[PDB]
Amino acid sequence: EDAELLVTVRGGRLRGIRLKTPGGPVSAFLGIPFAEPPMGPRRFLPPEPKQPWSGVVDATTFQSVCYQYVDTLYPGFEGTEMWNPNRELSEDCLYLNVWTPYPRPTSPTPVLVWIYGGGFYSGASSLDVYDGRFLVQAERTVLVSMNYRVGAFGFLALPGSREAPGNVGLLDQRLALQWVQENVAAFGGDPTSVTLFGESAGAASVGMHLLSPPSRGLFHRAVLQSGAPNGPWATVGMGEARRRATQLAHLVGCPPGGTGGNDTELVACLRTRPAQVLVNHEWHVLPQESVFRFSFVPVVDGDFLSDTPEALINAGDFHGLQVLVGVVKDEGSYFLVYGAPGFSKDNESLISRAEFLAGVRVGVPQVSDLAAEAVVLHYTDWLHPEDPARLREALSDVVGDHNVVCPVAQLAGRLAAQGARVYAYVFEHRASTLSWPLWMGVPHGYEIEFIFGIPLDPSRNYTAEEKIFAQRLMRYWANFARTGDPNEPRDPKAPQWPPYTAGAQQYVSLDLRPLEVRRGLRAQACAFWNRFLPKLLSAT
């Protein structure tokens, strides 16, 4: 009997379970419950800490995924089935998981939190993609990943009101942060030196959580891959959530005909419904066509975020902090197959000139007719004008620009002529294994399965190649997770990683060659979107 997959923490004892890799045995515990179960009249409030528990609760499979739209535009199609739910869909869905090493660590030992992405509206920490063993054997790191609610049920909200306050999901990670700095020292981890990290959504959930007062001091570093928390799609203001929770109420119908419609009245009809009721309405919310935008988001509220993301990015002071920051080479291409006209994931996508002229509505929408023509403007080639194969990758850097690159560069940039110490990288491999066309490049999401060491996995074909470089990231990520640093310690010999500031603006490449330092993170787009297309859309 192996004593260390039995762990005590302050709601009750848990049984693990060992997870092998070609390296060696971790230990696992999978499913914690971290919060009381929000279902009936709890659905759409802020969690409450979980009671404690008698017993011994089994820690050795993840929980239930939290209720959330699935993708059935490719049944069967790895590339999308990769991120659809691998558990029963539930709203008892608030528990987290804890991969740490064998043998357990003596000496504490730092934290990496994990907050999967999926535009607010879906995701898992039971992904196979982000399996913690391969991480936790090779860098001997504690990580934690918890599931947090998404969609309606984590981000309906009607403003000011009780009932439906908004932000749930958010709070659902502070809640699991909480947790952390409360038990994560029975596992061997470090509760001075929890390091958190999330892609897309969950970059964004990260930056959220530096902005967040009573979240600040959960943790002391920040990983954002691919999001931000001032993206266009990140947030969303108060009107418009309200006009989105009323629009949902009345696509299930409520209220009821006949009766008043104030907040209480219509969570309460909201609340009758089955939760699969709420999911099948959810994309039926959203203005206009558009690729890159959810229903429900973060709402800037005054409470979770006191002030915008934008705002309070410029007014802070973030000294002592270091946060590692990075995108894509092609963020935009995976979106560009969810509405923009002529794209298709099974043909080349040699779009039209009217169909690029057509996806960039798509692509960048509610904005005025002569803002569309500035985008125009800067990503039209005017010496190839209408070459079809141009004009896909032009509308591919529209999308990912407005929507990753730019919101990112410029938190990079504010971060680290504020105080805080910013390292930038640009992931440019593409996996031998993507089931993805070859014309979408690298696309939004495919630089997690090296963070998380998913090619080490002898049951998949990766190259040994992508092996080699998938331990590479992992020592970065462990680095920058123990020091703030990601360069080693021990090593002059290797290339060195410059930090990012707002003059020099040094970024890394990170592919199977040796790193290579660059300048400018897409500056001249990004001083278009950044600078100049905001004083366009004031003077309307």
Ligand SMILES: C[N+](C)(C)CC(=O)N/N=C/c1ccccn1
Given for the second form:
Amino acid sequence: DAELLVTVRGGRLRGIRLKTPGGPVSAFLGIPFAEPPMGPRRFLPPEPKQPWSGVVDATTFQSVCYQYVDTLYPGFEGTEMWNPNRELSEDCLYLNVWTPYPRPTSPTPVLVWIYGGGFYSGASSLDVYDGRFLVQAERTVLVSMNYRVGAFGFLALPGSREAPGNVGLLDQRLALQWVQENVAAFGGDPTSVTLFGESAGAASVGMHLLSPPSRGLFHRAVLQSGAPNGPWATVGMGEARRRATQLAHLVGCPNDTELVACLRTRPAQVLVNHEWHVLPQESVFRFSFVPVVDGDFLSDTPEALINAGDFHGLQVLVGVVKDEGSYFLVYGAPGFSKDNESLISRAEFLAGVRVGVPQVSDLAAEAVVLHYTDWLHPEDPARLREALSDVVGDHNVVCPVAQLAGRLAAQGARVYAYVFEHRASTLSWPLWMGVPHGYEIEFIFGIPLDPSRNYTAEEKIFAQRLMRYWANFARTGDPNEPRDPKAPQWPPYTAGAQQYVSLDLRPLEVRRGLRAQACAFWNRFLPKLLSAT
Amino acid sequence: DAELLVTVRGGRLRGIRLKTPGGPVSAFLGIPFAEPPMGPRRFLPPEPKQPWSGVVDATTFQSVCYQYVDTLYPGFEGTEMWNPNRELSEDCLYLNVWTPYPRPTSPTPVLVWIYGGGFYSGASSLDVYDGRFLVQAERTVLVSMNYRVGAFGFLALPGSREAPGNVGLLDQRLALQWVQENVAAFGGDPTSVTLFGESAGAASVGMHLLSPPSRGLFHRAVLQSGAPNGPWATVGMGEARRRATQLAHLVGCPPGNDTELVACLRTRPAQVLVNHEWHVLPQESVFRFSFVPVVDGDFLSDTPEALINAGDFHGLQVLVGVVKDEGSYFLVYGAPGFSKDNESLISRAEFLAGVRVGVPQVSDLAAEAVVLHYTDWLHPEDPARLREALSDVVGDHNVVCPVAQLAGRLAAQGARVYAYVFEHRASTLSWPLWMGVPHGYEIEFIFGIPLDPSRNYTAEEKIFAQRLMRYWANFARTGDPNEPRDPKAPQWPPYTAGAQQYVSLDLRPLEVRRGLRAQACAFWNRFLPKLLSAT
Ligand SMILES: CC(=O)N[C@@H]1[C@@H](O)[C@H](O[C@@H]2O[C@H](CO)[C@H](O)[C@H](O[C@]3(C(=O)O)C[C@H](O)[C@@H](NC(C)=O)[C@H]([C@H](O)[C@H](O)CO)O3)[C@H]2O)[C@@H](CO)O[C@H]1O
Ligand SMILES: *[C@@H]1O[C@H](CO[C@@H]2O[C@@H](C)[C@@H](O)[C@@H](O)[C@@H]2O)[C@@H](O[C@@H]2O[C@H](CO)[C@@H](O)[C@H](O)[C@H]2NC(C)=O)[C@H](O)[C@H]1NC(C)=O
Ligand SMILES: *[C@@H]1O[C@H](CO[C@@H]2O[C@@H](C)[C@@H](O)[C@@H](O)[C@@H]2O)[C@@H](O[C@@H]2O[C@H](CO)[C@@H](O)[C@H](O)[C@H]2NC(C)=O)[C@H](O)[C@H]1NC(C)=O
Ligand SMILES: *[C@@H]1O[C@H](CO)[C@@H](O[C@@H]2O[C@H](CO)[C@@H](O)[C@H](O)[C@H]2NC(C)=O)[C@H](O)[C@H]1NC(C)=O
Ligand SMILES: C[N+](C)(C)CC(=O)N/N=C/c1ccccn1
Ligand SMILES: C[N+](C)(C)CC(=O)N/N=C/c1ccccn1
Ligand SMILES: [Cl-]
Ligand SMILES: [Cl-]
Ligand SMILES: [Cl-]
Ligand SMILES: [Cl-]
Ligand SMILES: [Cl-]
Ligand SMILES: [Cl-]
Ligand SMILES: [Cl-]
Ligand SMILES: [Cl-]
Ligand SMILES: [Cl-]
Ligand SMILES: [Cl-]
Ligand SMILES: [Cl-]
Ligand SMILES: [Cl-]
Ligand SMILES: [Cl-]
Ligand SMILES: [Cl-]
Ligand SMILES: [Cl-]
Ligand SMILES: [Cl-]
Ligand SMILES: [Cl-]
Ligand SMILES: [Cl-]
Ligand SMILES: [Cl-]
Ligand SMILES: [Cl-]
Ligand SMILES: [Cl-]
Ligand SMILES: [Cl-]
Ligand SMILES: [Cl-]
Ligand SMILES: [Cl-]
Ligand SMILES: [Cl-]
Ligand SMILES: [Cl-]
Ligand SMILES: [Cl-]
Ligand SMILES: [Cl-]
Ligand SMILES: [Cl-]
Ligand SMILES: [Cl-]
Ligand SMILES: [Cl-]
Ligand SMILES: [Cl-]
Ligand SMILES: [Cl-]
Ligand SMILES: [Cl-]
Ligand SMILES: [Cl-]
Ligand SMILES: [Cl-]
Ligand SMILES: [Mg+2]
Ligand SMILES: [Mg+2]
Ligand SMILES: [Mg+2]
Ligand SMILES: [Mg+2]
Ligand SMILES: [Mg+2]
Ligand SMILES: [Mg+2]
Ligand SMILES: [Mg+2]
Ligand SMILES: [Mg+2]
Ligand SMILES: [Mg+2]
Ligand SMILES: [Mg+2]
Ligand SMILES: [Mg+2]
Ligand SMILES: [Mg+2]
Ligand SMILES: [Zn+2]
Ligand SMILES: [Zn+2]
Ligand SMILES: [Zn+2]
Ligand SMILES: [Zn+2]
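What would the structure be for the form deposited with the ligand bound, rather than the form solved without the ligand?
Up next: the whole complex, starting with the chain shown before.
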């Protein structure tokens, strides 16, 4: 019917009606937003999609951008839920729109979701990103886009116009430009556009906040388990060159314009098969192709722009999960497995510190180890495992997020912080991993409401609470209800009081400090030490 | 009384009967154990006392070695109890013996006490060091001696033969030699001598373990709130020369150069040297007094930390401990914003400054490590927290962690080690409540001072003091502070490098706990060295 037929600036779309226990939602899946970045357009900033004849079929998710498909635990849902669920294609720059079925006659606010995956993986078609429940429950419009990952999104020869860098970020910015122009055709309000994302998606949200050409395309920002100032999310120019020139040597590619032309002649699968082999430490925490500090998108290091920005007028929702680090340990760290209790040894632990804190001196590593050993039980394997889980989690997610949250708060922003502390009753990982990196998203998106998944009565209620908080924030920059007794339940995060809430089944609880003591080491002392040595 | 006339290798002594509530003790006070270190003998090692004719009057304490007198809180009980209580004289090398009234029939173990005072102060004649109550209640023999402090005991021009250094420690060794030769006259057993000391006396006891010629003179060791590997307890030969010649400059002594310089210092009156001792290294408090034991390669063949890691320690029984609030007393002596008369609610600015006072001579980066370690990053402005924090910084750095280091290294090489944390604040205690259990305030209880009728301690406190006297007396008799065949009480398990068990001493029964600030002392004993040498 005419509810599923929409015309945007480029032409006609035909969407699909999706069902929700609450009721139906109108969905437009796989709307092209850039000309396919293929052949000579590989590694280049995206070009806007030109108008098309006829009716585009937006009834299903388009393709996934090329990436390594994880095969650590084959057939295991804990890993499979995150793997690509469409064909891989360099023809992948498509976005998706969910909107209420009585299409809003008034302009409703817009959530835009940027998926994470450490800049080396990810897809908007993953099942845990289904916008239908968030839309049907809170009557906002939800948009999500694909953006190039891996070398396709982030190979850079700083200097050249052929491989400029950060084109995966520009993919996102283009889709936000698209939202500006077309969201109103679906009921959306271009003037209330809230960015949210997790992991590299959250780091992405962070860079749009620091990149002036993007700061005009959205108004509020949610960062979940990621920060642009994290040790894994940017790379220098001179290093970006070495990594590009190395991938080229690996793929058999004999100046800069000549380098890119050879890479462009290689099947996309050949680049994916070598991009992990670029760095000797084949680590998840220093993946080869991430955003570059070139002076373009980022006029300075993310740290530099944070410490110097006026963030008056910005509201920000920010948080981590309880155990950020445990998911990364099974992907590398020596002694670990989803299939036993991963009872690490001291030397396995000393070794793991180097894998999760890569590229720090020897003195810095000893500092980490002395800082995180329990000197009354120096060789307890369980305690050691938890310690290492904290070392990588604190260093890569928590202390970066914290450092950003306080700086934003201190320099004019209005911040609300959380820690996600619910372990799903469906969670297929082992119990020692706890609440792992990535496992709040199911709840933000209202997945427990899907009748076919097997979540708890109490868990559906929790997901609705969370959706309420997020939509509240989208609407007003304030997750609290505009009208309620005992009204300031969720207080703002400030550099002093450092209040956050804990999100779980029990009613909101305020706590002080996001690993305040731990993050003093990472944000304040460790740099001084890397310096004077 | 036949018990008060006693004869010693040097000659005859007349002693005095002292009263305890529980009964008499006979005491010999101010026995000359060395020829007086005067004029030409100033700064030299001690010569043994030439023997005398007649009866030495050993019925009253002799003089106190020259030293700074504390003018900080005039009249105040808390400071005055430590101040010299006899005339200051360079003629001060005498020792004291308390022995049970009916002199013991069989050879009883001997406790030798070495007083503290950070090597710039102290005297065996102070009231809290009265042996009578311990000797009456446990029937051991007790000895204490005076040793030279300040520049008179520790000024060194390494290589001089004029000022060889460590003569204050030689003073103590001379008295231990005297005990070996003479305590038999008082019913004491020279084959069962236990040293015990506090503060710089505990550091002294430690250096005696590390100096072979002293190991023949005792068999067990108790170290209370002090250790020879503390940052304040020793000095290099090169630093020792700077400080010696800087003092010579402050007194007007043109600097053979070593022999002129010392002969000049000898002419200056003793009080003039005391006056400038602290101005050799001006500082705000009490850490790093400038005339301490020197690592000369004679008395201390190597640094204490070297001597500890490879030493002859198997079979040694050691008793070792700290007070609950080791830091707070030092802060009162010059940490910015500290007095005994207000709550010492310091600002962050004074906290940062106080870190450099209590942890002197460390790099700017090292000091930042300290701050970032002891700050409470949830309440970094809270003045009360900052106050306790800085107390722990200086308490950990100067006392607790050096003692924890010594304990585990002894235990590792096969010493039998027993560790305590004294955590009872005397109901009499005159210092303010926020200093808690300050440095030096277990001594009163070890010595049974609560038994003294004039001082009104509690009954709970008297039975406690008797409990402590028994622990220490048990230890002196048998190298084990536990009630021999009595496991009706909780056992005091020995300290090992793995489990790290110690007992809390207070008015409640023995409580066994693990780890002497294990987390804190990793920083001080392991990381901070690496940091300081790698940068
Ligand atoms: C008691 C008795 O029967 N005879 C003693 C006699 O043994 C003693 O001589 C001293 O014995 C001690 C034993 O512990 C040392 O071995 C002395 O050698 C040293 C020392 O190591 O202490 C050598 C040291 O280099 C000297 N230091 C200097 C010169 O700076 C000291 C110094 O003489 C001190 O006076 C000792 O405390 O001695 C050994 O000489 C003598 C006193 O020395 O007394 C007898 O009665
Ligand atoms: C716990 O498991 C890890 C991972 O090994 C996997 O899971 C086990 C249950 C077992 O079935 C293995 O075959 C699996 O591959 C163990 O770490 C591995 O140990 C082997 C020893 O032969 C070694 O070759 C591997 O490299 C190790 N893997 C890593 C990542 O280091 C570990 O030994 C198991 N046991 C304990 C006590 O942790
Ligand atoms: C708590 O007391 C200290 C003690 O210092 C003072 O000592 C005397 C010289 C006299 O000024 C008394 O009133 C005090 O007891 C205070 O620290 C001093 O503060 C004054 C000025 O306020 C300053 O001139 C001194 O240098 C300070 N001493 C230092 C830095 O060591 C402290 O301010 C008191 N706190 C209060 C009153 O809240
Ligand atoms: C790298 O070398 C290539 C050669 O493959 C250079 O390409 C030139 O491009 C211009 C375009 O106007 C041609 O007219 C030339 O004939 C090409 N070949 C040359 C100059 O040898 C390219 O300019 C070089 N890249 C640089 C200098 O950045
Ligand atoms: C967890 N999820 C399955 C949603 C994908 C993801 O987030 N993978 N994480 C990569 C990474 C690596 C280093 C630092 C941060 N993120
Ligand atoms: C008088 N009292 C019992 C407190 C003796 C004492 O302990 N005086 N202080 C010594 C000191 C100084 C610096 C470092 C270590 N100890
Ligand atoms: Cl368009
Ligand atoms: Cl469906
Ligand atoms: Cl048409
Ligand atoms: Cl606007
Ligand atoms: Cl642009
Ligand atoms: Cl950065
Ligand atoms: Cl870099
Ligand atoms: Cl570089
Ligand atoms: Cl290949
Ligand atoms: Cl491969
Ligand atoms: Cl791989
Ligand atoms: Cl937690
Ligand atoms: Cl290095
Ligand atoms: Cl345990
Ligand atoms: Cl505001
Ligand atoms: Cl149910
Ligand atoms: Cl904290
Ligand atoms: Cl005499
Ligand atoms: Cl002379
Ligand atoms: Cl006389
Ligand atoms: Cl005199
Ligand atoms: Cl021995
Ligand atoms: Cl030297
Ligand atoms: Cl030197
Ligand atoms: Cl000379
Ligand atoms: Cl040392
Ligand atoms: Cl303690
Ligand atoms: Cl410096
Ligand atoms: Cl730290
Ligand atoms: Cl505060
Ligand atoms: Cl607290
Ligand atoms: Cl043994
Ligand atoms: Cl008081
Ligand atoms: Cl024996
Ligand atoms: Cl305990
Ligand atoms: Cl501890
Ligand atoms: Mg992977
Ligand atoms: Mg190959
Ligand atoms: Mg090769
Ligand atoms: Mg254990
Ligand atoms: Mg006289
Ligand atoms: Mg005289
Ligand atoms: Mg010399
Ligand atoms: Mg030196
Ligand atoms: Mg001058
Ligand atoms: Mg003067
Ligand atoms: Mg335990
Ligand atoms: Mg501790
Ligand atoms: Zn991630
Ligand atoms: Zn591979
Ligand atoms: Zn540390
Ligand atoms: Zn002392």
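Residue numbers count along the first chain shown, from 1. The term rigid core refers to the most C-alpha atoms you can superpose between the two forms while keeping them within 1.5 Å.
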{"property": "Displaced residue between the two forms, judged on C-alpha after the rigid core is fitted, out of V291, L211, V194, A275 (threshold 2 Å or more)", "result": "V291"}
